[PDB]
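I would like the entire structure built from these sequences, with the hints used as guidance.
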Amino acid sequence: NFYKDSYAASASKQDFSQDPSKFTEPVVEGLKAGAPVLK
Amino acid sequence: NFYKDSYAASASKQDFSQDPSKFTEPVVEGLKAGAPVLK
Amino acid sequence: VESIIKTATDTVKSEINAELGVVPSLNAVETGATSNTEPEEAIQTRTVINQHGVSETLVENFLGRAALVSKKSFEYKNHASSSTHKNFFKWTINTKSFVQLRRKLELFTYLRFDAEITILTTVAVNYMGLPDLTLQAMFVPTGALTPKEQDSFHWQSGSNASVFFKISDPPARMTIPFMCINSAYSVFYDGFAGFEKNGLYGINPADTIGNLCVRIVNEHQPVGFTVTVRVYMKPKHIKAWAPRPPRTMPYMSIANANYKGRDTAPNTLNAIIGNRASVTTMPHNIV
Amino acid sequence: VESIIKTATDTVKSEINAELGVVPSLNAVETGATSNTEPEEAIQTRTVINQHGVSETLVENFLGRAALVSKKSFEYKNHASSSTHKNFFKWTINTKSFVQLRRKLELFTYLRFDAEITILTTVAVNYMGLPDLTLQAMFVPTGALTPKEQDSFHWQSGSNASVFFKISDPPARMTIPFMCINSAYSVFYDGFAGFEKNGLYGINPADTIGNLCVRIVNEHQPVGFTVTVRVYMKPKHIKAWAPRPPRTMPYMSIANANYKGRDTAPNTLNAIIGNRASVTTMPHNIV
Amino acid sequence: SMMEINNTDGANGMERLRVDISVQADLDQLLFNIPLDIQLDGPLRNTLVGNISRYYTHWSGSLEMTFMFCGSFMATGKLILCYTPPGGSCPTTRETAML
Amino acid sequence: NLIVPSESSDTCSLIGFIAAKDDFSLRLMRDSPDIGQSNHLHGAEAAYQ
Amino acid sequence: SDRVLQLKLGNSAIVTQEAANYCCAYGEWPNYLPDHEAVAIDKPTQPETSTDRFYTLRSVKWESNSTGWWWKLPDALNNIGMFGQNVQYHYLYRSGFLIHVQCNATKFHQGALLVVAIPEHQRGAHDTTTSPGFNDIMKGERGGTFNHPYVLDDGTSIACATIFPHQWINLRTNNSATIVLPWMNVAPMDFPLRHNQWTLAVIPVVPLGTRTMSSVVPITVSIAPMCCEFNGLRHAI
Amino acid sequence: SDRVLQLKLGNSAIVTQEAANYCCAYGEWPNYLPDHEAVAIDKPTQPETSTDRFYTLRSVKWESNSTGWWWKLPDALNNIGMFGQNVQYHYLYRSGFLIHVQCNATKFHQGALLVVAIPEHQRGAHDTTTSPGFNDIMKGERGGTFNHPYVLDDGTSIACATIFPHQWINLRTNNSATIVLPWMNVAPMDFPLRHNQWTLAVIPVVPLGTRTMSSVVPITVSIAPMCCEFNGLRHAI
Amino acid sequence: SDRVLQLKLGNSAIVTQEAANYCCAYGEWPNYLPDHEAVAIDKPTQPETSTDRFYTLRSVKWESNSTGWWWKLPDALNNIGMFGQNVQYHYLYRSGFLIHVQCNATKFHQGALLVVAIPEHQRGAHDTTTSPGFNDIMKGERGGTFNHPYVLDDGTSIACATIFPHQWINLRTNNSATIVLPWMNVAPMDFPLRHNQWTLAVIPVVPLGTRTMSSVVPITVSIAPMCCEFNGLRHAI
Ligand SMILES: CC(=O)N[C@@H]1[C@@H](O)[C@H](O[C@@H]2O[C@H](CO)[C@H](O)[C@H](O[C@]3(C(=O)O)C[C@H](O)[C@@H](NC(C)=O)[C@H]([C@H](O)[C@H](O)CO)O3)[C@H]2O)[C@@H](CO)O[C@H]1O
Ligand SMILES: CC(=O)N[C@@H]1[C@@H](O)[C@H](O[C@@H]2O[C@H](CO)[C@H](O)[C@H](O[C@]3(C(=O)O)C[C@H](O)[C@@H](NC(C)=O)[C@H]([C@H](O)[C@H](O)CO)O3)[C@H]2O)[C@@H](CO)O[C@H]1O
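Residue numbers (the UniProt record's numbering), protein chains in the order written: chain G, 31 to 69; chain H, 31 to 69; chain A, 565 to 647, 650 to 692, 699 to 859; chain C, 565 to 647, 650 to 692, 699 to 859; chain V, 368 to 466; chain X, 516 to 564; chain S, 79 to 315; chain D, 79 to 315; chain F, 79 to 315.
Take these hints with a grain of salt, some might be off.
One-sided and incomplete, this derived list gives chain V residues near chain F with beta-carbon spacing under 7 Å [claimed, not checked]:
#	residue
1	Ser368
2	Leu384
3	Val386
4	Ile419
5	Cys437
6	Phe440
7	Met441
8	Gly444
Simulated crosslink set (DSS-like; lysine-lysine; CA at most 30 Å straight-line) [to be verified]:
#	chain 1	residue 1	chain 2	residue 2
9	C	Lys636	A	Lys652
10	C	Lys738	A	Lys652
11	G	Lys43	A	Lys806
12	A	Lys652	A	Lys769
13	A	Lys577	G	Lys52
14	C	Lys636	G	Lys34
Ranges between beta-carbon positions, derived for each pair [claimed, not checked]:
#	chain 1	residue 1	chain 2	residue 2	range
15	F	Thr298	C	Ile753	48 to 58 Å
16	G	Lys62	D	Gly310	42 to 52 Å
17	F	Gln124	C	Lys769	26 to 36 Å
18	F	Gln124	C	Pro749	31 to 41 Å
19	A	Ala716	C	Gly585	21 to 31 Å
Don't read these hints as lab results, they were simulated from the structure.
Just so you know, even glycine gets a beta-carbon here, dropped at the ideal spot from N, CA and C.
Written out as structure tokens, the structure is:
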């Protein structure tokens with residue numbers, strides 16, 4: 031980026047961080063694999 | 031700057047120095063916080 | 565829970581299962597959590613080293629495309645007897663007029679991004701040649717003072733940013749920074765932007781980038797031309813929050829989410845998906 | 565007292581106050597100093613780490629914009645029977663003709679800066701096409717010898733700087749250095765620039781960058797055209813001193829600060845601010 | 368810098384830059400109010416902060432209003448100056464403004 | 516209440532001032548609405564003569 | 079173990095013996111505004127127990143032809159208890175919410191309610207270009223009703239509404255749903271009377287049905303603001 | 079130095095340039111209820127800035143024949159601002175008070191006001207065996223007036239009233255009086271609607287007099303609750 | 079302490095017992111021209127005490143309908159004492175100025191004067207395109223008067239004039255204003271007869287008023303050049 035303002039830069043396509051659980055498993059108590067979910 | 035004369039350069043937007051007191055408090059005797067200004 | 569994912573997950577080989585008290589295929593949708601049953605637990609799997617990349621679905625790429633947001637054609641001529651855009655126009659910037667871009671942005675609740683703006687100009691004689705006109709696009713803040721004439725002194729643009737470009741040059745381009753007064757733009761706003769009760773619903777002025785005033789700088793020619801200006805916007809340096817249900821009903825207005833639906837399925841108010849004869853009728857069944 | 569400020573100051577939490585002899589909210593305007601009462605002393609505050617930047621108000625940025633300073637249109641044709651700018655014109659450079667730039671510069675008493683000059687040219691047929705003409709802009713020092721004809725030998729520009737450009741090229745551009753005979757330009761000058769008493773008041777010739785002589789290099793065509801030249805100026809490497817009260821009355825002349833005011837408020841000589849019914853009438857009161 | 372609080376018809380020139388207060392016959396009297404949008408025309412527009420701010424579109428920060436009493440030395444009095452955050456109609460009684 | 520003796524003026528003036536504190540910030544520059552022109556200023560055209 | 083639960087805030091408590099775990103919206107938990115995110119500089123008031131407690135709204139009746147119900151926050155509580163008083167006396171507010179929806183029936187009843195917390199649920203009007211009016215949006219404690227739940231009254235769809243924090247009340251399984259909501263906004267605080275951060279929607283995707291004795295089956299909503307903070311004190315609006 | 083003073087609490091501040099030091103009742107200062115003196119076991123709400131701030135009551139006019147004025151606490155504030163709301167929604171309250179009485183005139187005026195804070199000022203009625211009624215005692219924000227200031231309307235005397243926390247406003251000397259009051263009661267907390275811990279009395283012992291231009295001379299009272307705590311939350315009374 | 083002040087320069091001294099501190103324009107103090115900023119190469123004359131002393135100009139009368147007064151520097155002093163002689167005999171001059179404006183009245187009078195030092199105060203003419211003439215600008219020791227003080231006779235405003243070095247004379251507070259001015263120009267020295275670096279403006283923002291015995295209330299200006307230097311000696315102009 032030859033411009034003085036950083037917002038002028040090209041795209042930033044390097045953020046590979048993810049956390050699907052905030053959408054797929056937003057339950058307070060984690061669900062164990064194989065174990066009956068309701069006990 | 032690829033030009034030989036320095037005045038040809040791009041803008042200089044890095045001078046963050048300030049001294050508002052030359053306009054806001056140009057009094058010979060500094061005014062103490064909380065203390066009555068006139069004594 | 566957070567981690568770096570660069571490829572689709574691998575599969576591990578699995579064996580026969582016959583364990584009491586262990587039922588991975590059973591779940592409880594009521595909890596609000598999505599099923600956590602793994603393929604390895606549902607069937608016997610083999611080992612697979614999956615090299616499929618996941619970069620094309622990165623939010624930066626998904627929304628990182630220059631999409632048409634404005635298209636305006638007007639007559640460039642001597643407007644002596646015009647009632650009409652007299653060699654210039656003003657456009658209150660908004661991303662709700664063209665549906666492809668609108669629907670994608672609306673897949674999110676909040677969005678923070680810088681906007682690359684590209685302006686493409688086209689001309690047609692109302699034949700003896702196409703003039704290489706110079707245009708001026710001036711950015712005037714939301715609700716601010718816009719020019720009322722092609723030759724108004726307002727175009728002197730002492731502080732407003734203006735870009736002058738020729739039809740023969742490549743499309744003009746510049747980046748408008750994330751300029752919201754908040755930490756992110758509100759794609760949706762469940763409120764009224766005023767302290768009284770008669771204000772507009774769902775319109776947070778804080779989310780209106782501003783006005784774009786475009787004029788032809790050249791004085792009119794002896795003949796008239798039709799000039800069309802197209803503006804494209806590409807968001808970058810994007811951060812997105814809270815995905816949402818995709819729009820299904822056709823859009824009705826740029827000012828709200830009002831809906832009506834198509835006359836007949838698909839996407840009709842009482843039937844989003846097209847009909848099939850029955851729940852046991854297999855469409856496109858292999859004969 | 566001087567320091568480096570990159571963000572707005574933070575706020576510190578404050579407690580209840582009940583101290584004899586300590587009255588931070590009282591001041592004495594008579595001293596000429598502005599109140600030094602801090603928010604923490606006027607009310608109970610919380611702690612706030614303020615990250616708001618202050619760079620957009622840097623003088624370099626405030627004045628760092630290319631503003632229109634000259635706009636001149638003339639007829640490009642065979643001037644055999646003309647009384650009139652015959653395919654060229656001369657402009658005594660000044661920053662007092664266009665109000666947006668003028669008012670901003672006049673917010674300061676003295677200014678030191680280099681000036682980036684950009685020249686934009688536009689053409690219109692008085699239809700069969702727009703010619704790609706070559707123009708020449710020659711810088712002739714203040715009060716110096718300017719050309720009297722389009723083909724004058726004065727245009728040979730042996731020492732004067734000249735820039736040749738085509739209408740099809742991007743606007744011409746060059747930087748005129750801070751060229752004042754003093755350490756800074758005088759935006760205002762309370763004096764007479766001559767040793768006699770009949771000189772002009774408020775005009776220090778030392779603050780006139782010079783003359784700009786512009787001509788169309790091409791000989792005239794069989795038909796006439798209207799050519800408009802716009803000059804923009806952007807100050808850079810700026811140093812400013814002694815801010816001043818902003819202009820309120822409309823400008824009347826480029827040669828002085830004469831005033832008259834609008835016919836009715838706002839900005840009328842006896843009332844700068846628009847009127848309200850009374851000092852207890854709240855305009856835009858929330859109903 | 369000076370606020371043009373007395374921006375009323377009949378007030379000319381510098382008369383607009385000062386607010387006159389008189390000995391009252393009634394109690395808890397409202398003396399004057401001031402609209403606060405430093406971005407719109409009103410008592411705050413032609414001030415240093417108002418003029419410069421109008422060259423911009425967004426603003427943030429605390430403002431300070433200082434009033435200087437210019438009566439005679441023998442004159443006494445107590446006033447209450449109130450800032451009411453937005454939401455409703457401008458208070459017209461001291462019991463409300465005081466909150 | 517404002518209270519004054521017989522020989523003092525019974526109508527007094529206040530002068531109100533305003534200013535920003537150092538926690539102030541301004542963004543997004545635009546042309547000021549406080550100045551404008553609809554014609555050439557006197558003498559502007561003479562700069563070409 | 080994950081079927082029983084007790085929620086206690088202030089002088090209020092709620093228990094359920096047929097829960098389905100509970101949802102923490104986006105995996106977050108309510109918290110007070112930190113100094114590094116603050117904007118308003120006046121010292122805030124944090125009333126704690128007088129506002130952070132359960133407020134139970136009037137119940138609604140689940141009928142065979144019901145389309146669904148909704149309550150906007152903070153609007154639904156802007157006139158209830160000390161939370162309502164603080165809201166009326168302050169220009170700014172901030173808080174999270176603990177939502178508990180209740181509905182019990184019989185081992186012979188069937189029905190399934192989608193209980194979802196929608197952020198910025200901007201409603202759309204049906205078959206008109208005119209935007210919804212103030213009274214179409216601000217229902218207060220009474221809440222509103224869905225005209226076309228199939229498209230969430232906003233031209234999208236209830237089918238994909240599961241992308242939002244939610245739970246279900248499936249009568250054969252549970253009798254309550256619990257969702258913890260953190261402050262959700264693009265600003266650290268807001269004016270409570272003109273903007274609703276969240277909308278609680280309860281929609282019967284599977285209608286109520288049975289062949290046993292017919293009884294009125296109510297649905298009740300209890301909401302507890304959490305970590306309430308108020309700034310910009312003045313008179314009551 | 080001891081003639082100028084600034085008091086700042088919450089979003090309110092007051093200055094005086096003609097004070098006479100200031101009084102701390104019985105040499106004490108307000109404080110929150112400690113665990114070793116507490117009785118009510120529910121977690122209290124401590125609203126801080128929304129209640130601990132200056133509330134200015136309507137002024138009264140000092141006339142040549144005035145007998146004096148009084149305001150009972152917390153009654154005078156039980157219906158003002160957020161302090162009033164907390165009082166109405168809670169069975170129990172506790173707080174101290176910062177009192178600032180204001181009265182300015184001219185260098186040509188004379189007069190002296192006794193400004194005293196009386197604990198448990200139980201009023202008596204004149205020439206009757208019938209005890210004072212509810213309306214004779216609970217005047218609210220308007221306060222009341224003395225019938226016989228000479229005996230403090232209780233059969234004792236104003237002459238010895240100086241045994242209580244007080245100051246004077248002697249026009250040639252000062253224009254304000256300030257008294258800081260700590261919680262004063264035999265119990266750690268109390269029901270605010272039926273018992274008044276303190277009574278602020280302002281009595282002109284030396285009448286207002288002058289030979290200069292006659293003007294209305296007001297007396298104004300500003301009171302700031304301090305370290306407010308409330309227990310026993312319920313609905314508003 | 080900051081209300082009393084004595085200024086002493088040369089054979090002149092001034093005291094005030096009702097000052098309001100004093101202003102140092104832009105926080106600077108007068109000084110002689112250093113070698114690294116010098117231009118004129120002839121050895122300058124620095125007369126010191128014969129020129130750096132207080133010169134008191136003729137007084138003006140503050141009337142109920144006065145619009146204000148102004149004096150330009152060095153013009154106002156170009157014909158007074160040895161400062162005037164040096165100015166007339168030298169092509170170049172340089173100096174700072176110590177300004178002391180005086181105005182006393184009575185404890186029964188009211189009025190407020192803005193005393194401001196304006197750098198490069200280029201005057202504008204009213205309702206005409208013709209620039210001000212020599213005689214409209216050069217008034218000498220007598221000074222001039224404001225036609226439209228509201229816009230500082232230059233189309234701007236007195237409201238924002240506080241951006242310039244200033245003080246006020248508010249009769250109930252003080253009876254004098256003091257401003258120290260350093261050399262203010264874009265050149266190290268200048269020709270004193272055709273350019274005025276500073277303009278002293280005294281404007282009654284709050285008119286003079288009283289109900290006591292009417293007396294002539296004068297305003298007096300005393301100015302002391304500081305660190306005077308002169309170059310380019312020749313005959314007197
Ligand atoms: C004739 C028959 O046996 N069965 C029809 C069944 O085919 C019909 O379904 C529709 O069929 C068309 C193909 O003709 C499409 O596949 C329709 O789907 C979509 C598409 O994928 O293209 C879905 C999409 O959402 C729609 N878009 C919009 C913007 O509205 C488009 C769109 O309408 C078409 O492209 C029109 O140009 O259609 C699919 O539903 C059903 C209808 O009830 O009826 C059976 O009888
Ligand atoms: C009708 C009523 O109730 N009250 C009017 C009151 O509105 C009027 O005020 C004027 O109103 C206009 C809006 O119509 C503007 O807000 C005027 O302000 C400014 C502006 O901010 O735009 C100030 C600015 O300085 C002015 N600029 C110049 C270059 O002169 C502009 C300008 O005149 C307008 O934009 C014109 O196009 O106005 C504001 O004063 C007052 C007038 O006394 O009268 C009430 O009755």
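Results for each hint:
Interface hint at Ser368 of chain V: satisfied, since its Cβ lies 5 Å from the closest Cβ of chain F, which is below the 7 Å cut-off. The interface hint given for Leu384 of chain V holds, since its Cβ lies 6 Å from the closest Cβ of chain F, which is under the 7 Å cut-off. The interface hint given for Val386 of chain V is broken, as the beta carbon of that residue sits about 10 Å from the closest beta carbon of chain F, more than 7 Å. Residue-level restraint check for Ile419 of chain V is violated (minimum Cβ-Cβ distance to chain F is 10 Å; threshold 7 Å).
Hint status for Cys437 of chain V: holds, given a least beta-carbon distance of 4 Å to chain F, under 7 Å. The beta carbon of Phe440 of chain V comes within 4 Å of a beta carbon in chain F, closer than 7 Å, and the hint placing it at the interface holds. The restraint placing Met441 of chain V at the interface with chain F holds, with a minimum CB-CB distance near 5 Å, inside the 7 Å limit. Evaluation of the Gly444 of chain V hint against chain F yields a violated restraint, the C-beta minimum of about 12 Å exceeding 7 Å.
For the suggested pair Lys636 of chain C and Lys652 of chain A, the alpha carbons sit about 22 Å apart, so the restraint of at most 30 Å is met. Restraint check: the Cα-Cα separation between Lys738 of chain C and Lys652 of chain A comes to about 28 Å, which is no more than 30 Å; the hinted pair holds. Between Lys43 of chain G and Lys806 of chain A the alpha-carbon distance is near 14 Å, which keeps this suggested pair within the 30 Å criterion. Pair hint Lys652 of chain A plus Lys769 of chain A does not hold up; C-alpha atoms about 37 Å apart against a cutoff of 30 Å.
For the proposed pair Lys577 of chain A and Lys52 of chain G, the alpha carbon gap of about 28 Å is at most 30 Å, so the pair holds. Of the supplied pair hints, the one linking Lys636 of chain C and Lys34 of chain G is violated, its CA atoms being roughly 34 Å apart against a limit of 30 Å. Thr298 of chain F and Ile753 of chain C have their C-beta atoms about 39 Å apart, which leaves the hinted 48 to 58 Å range violated. For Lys62 of chain G and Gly310 of chain D, the hinted distance range of 42 to 52 Å is satisfied, since their beta carbons lie about 44 Å from each other.
For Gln124 of chain F paired with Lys769 of chain C, a C-beta distance near 30 Å keeps the hint of 26 to 36 Å intact. For the hinted restraint 31 to 41 Å between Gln124 of chain F and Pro749 of chain C, the CB-CB distance of approximately 35 Å keeps it satisfied. For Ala716 of chain A and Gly585 of chain C, the hinted distance range of 21 to 31 Å is not satisfied, since their beta carbons lie about 50 Å from each other.
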